[PDB]
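First, one chain by itself: the form deposited in one PDB entry, in structure tokens.
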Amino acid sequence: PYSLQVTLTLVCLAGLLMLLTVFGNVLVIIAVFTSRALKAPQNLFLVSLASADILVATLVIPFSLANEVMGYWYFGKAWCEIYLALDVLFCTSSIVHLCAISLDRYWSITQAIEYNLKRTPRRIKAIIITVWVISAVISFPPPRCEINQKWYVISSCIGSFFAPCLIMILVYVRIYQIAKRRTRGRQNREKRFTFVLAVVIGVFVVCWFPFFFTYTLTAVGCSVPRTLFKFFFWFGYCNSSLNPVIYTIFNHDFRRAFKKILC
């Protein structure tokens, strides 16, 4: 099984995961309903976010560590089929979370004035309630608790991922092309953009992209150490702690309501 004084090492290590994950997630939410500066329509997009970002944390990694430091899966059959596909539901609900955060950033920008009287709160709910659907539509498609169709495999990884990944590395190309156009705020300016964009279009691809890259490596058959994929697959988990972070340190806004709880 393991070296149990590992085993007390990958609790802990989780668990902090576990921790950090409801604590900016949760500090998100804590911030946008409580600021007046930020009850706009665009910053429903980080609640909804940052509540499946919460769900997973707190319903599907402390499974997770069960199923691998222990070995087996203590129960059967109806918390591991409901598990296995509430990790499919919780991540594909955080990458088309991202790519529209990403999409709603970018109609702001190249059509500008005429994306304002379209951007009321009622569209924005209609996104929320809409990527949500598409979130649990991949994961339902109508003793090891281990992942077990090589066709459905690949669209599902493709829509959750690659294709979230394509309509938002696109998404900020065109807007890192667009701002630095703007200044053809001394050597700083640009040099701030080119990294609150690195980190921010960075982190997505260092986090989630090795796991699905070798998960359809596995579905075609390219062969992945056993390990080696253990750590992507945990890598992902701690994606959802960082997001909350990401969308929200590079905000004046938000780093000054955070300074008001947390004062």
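Residue numbers count along the first chain shown, from 1. Take the two forms, superpose them, and find the largest set of C-alpha atoms that agree within 1.5 Å; that set is the rigid core. First, how it differs from the form deposited in another entry.
The only C-alpha among 205, 219, 224, 47 that moves by 2 Å or more between these two forms, given a superposition on the rigid core, is that of 224.
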Second form
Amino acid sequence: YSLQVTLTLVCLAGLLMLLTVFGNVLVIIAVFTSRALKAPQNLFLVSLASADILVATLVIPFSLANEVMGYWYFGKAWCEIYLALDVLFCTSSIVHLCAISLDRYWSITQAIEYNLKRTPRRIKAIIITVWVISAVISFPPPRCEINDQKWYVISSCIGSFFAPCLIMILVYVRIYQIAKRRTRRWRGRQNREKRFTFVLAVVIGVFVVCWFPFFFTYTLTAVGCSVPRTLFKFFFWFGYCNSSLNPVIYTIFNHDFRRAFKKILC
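Alt. form deposited in another entry, vs. the form deposited in one PDB entry above:
Just the single chain follows, nothing else.
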């Protein structure tokens, strides 16, 4: 492997881990320290931040060690569990994003009924269901490689990314259509149209641009195309990289969160 570039790589990934943990814990605090943030829907954000902190703190070094060291030095008793835990954490983050999107959609449409049914008990039930589905989809599993079973890989990739991606796309397309239909003083309204298009396109695009390449390229390898070469590692690294940005997308566009972060910083 590289002799000085390894220092550049290890340096860069430590930077990544730092940024991730920082932002996610900032959220967990703001959310836990802000009275205006005492809403049942922010439990999803808290769970997502906790999952991302766990992944960044523990899974990254083993993958940072791998590639860098160049081989799996830790106990072979760990690859079969390291890979599964990585899969579980990433799928849990994705499912948390999808559940947050679904809650937003159900709050925007059928607002009265869903507000009647927005109990913290239901919020916790959804959180536990997400975690249990993440555990179920990760229950099946000098070197360590990811699983290569075609059927298992295809099923896991499909049910862990493609379904939540489609659900998020549909829900946010519906939300965009609703906002546009309700869009029609006038300068403020037209400014608001532009603002919402943005906040949604960023949310719709960061997740896709960060995960679709890996999962696409992942299946491509599984289906047999396997054209991805080295770029897969870059696509792989884009995915962890996506987690660090994840809290920013979901918290910056909310004033109650902005002001809480400003208070915390100052």
